[PDB]
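Listed next as structure tokens is one chain, alone, in the form solved without the ligand.
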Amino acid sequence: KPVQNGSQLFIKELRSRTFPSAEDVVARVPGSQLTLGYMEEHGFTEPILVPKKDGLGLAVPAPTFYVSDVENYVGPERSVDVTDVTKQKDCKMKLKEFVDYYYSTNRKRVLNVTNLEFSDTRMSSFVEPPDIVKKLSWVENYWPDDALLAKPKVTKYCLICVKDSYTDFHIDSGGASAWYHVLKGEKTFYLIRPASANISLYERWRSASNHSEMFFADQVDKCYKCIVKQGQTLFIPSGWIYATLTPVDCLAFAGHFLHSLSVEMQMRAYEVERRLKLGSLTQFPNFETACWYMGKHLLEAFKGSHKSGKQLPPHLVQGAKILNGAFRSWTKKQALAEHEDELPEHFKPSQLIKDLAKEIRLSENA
């Protein structure tokens, strides 16, 4: 018989198993040193652990903020997605019901809430993402407040995981980058670098019928174990393939974002998820729309570079090229009525593409 991912026996085996330490891969960095400059220097290709929130500009409630408090500020009647970890199946229920389960003592099932986005609730004012996320975020920087399409609702997630909760290996939707702040308890991350072959293996694993019977880390050379403890914040870069195990009841906050340092990985991950045709919780809404606004921004940056003579950094020019490729792909004749639904008002794709292509040429000559 095969071991089912997320099962009690799986958890036991997983806890006993040895992994390479995240020591080699995850930088420990004080909040204040996590600047745009830092990110640009290192390129945000590896996860970053910030042991204390000081300097991050992260706003979160005190650790005396409990799940019962979440219930009050989010609202007991709110519908929430709940994962039954042992079955690896998902269902819906009112938050009050989950909270009832959470506080029970005879706790049979293993259930978690991992996609409660609360920007539309009273609890929203209690949490502000780290300053660096805001500085990097395409949505925060380039999506206009008067936009007719709604901003991707992925900025503030509340996660509630019971002891022995497990979330299986995945890449975040849109190849989005993520921050995770553990308010109470702890969460163990198992991190796999998105080397090209690893991504391919991941795609083939996600698409197999027996994938819930296969431990993906078995297929790769290095899967790093990183324990994130109370008060600590982990930043996960674009495309990283990761799973998590919860050793004790945990309450955490998280957010997802796109940025200019991983344009290529973002597109690669998006193409993988579009081939998989799976989706789920935390699907990145209006990913293409964010891309369109980025594209408009780039044209403006280019045009403004003539006035100042200062060229765009090569990663931005390379980013422009990749985005233009996508735009062409999304607007070709055979290309969906799915794609037009994500185009912002007043956009002229044929012209943007033509205009971007010209500006990329003008910059390359130099």
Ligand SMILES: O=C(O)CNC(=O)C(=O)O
Contents of the next structure:
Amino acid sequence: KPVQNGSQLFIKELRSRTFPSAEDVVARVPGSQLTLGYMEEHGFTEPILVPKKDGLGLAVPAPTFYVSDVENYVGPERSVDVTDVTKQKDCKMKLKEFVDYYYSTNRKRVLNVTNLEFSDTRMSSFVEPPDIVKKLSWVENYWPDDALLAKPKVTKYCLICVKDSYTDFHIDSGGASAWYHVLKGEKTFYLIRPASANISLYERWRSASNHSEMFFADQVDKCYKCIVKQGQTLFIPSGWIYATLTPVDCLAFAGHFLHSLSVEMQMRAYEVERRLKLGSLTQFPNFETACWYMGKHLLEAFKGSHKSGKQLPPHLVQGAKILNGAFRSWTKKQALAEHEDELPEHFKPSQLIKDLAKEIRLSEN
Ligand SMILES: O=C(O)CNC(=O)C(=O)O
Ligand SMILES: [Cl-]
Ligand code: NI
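Got the form solved without the ligand; any chance of the form solved in complex with the ligand too?
What follows is the entire complex, opening with the chain shown before.
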């Protein structure tokens, strides 16, 4: 008999499986050591676990900040996406209704809130992303504060999961990288490397009518188990395919960001998303716009490289080429209609592409 992902049975089985430890792949790093230098030296190609907040410049509430508080600072009448884990189906309800379910006994259902972005609430002031995320983030660095398009609202999520909840394998929208901090409880991540065949396997699995009856990790070479405990912060690189299990009631904060070390993976994940035609529910809003602003940054970085005769690092040049190809793809007569909606004001894509192409040729000398 086919077992639904997320079902009691499925979790009992999952808890019994053995996985390779993330000892192999996930670096343990002191907060004050997670610098742009470390990132640039290692390339952010593997998840990073920071055991203690110290040095991250991460601001989060004391661990004595409960779901009941979330209800207060966010708003009990706030509409929120609740995931029914057993049905692996979603629905909407007032926060107050979820929080009421959360505190009941005996809980019949297994429900999660994993899409609750609170940067537009009073609770926003209680959480500040780590310094390294602010340094890496495209939006943070290159999106003008007076822009007419709203910044992507993906920087502050509150995740509330009950014991025995399960989030199925996925790549985060836009191939965005993530910071994920467990305030209370713990979270188990099953991490899959975004090797080319793994990505291809994921796309095929994710679009099969029966994907919620198939355990994706059975299809890959290695699925690493990483347990993130209370107070620890996990950073997930671009493109990683992953799932989570919640062994005890968990409260966590997370944020998503794009950056210059994974321009290719970001575009490839985006392209995968495009084809899957999934719900905009989790999509990375104005992903294209972020890329546009990055493209203008690169142009300026190139022009600035001429005043000093100093080259731009190879990853930026390659990045520029990938972005430029995207820009061209997005501004094709036919395509302009769909993608113009994310074009920043006062942008002339033609001159941008031309100027970038030219400036890439020059660096290719
Ligand atoms: O909290 C969970 O278990 C699931 N969270 C995510 O997959 C995420 O924040 O992108
Ligand atoms: Cl970003
Ligand atoms: Ni996710």
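Take the two forms, superpose them, and find the largest set of C-alpha atoms that agree within 1.5 Å; that set is the rigid core. Positions refer to the first chain, counted from 1. Shifts are known only where both forms have a C-alpha.
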(request) After fitting the rigid core, tell me which of 214, 220, 248, 281 has its Cα displaced by at least 2 Å between the two forms. (result) 281
(request) For residue 338, give the CA shift between the two forms in Å, the superposition being done on the rigid core. (result) 1.7
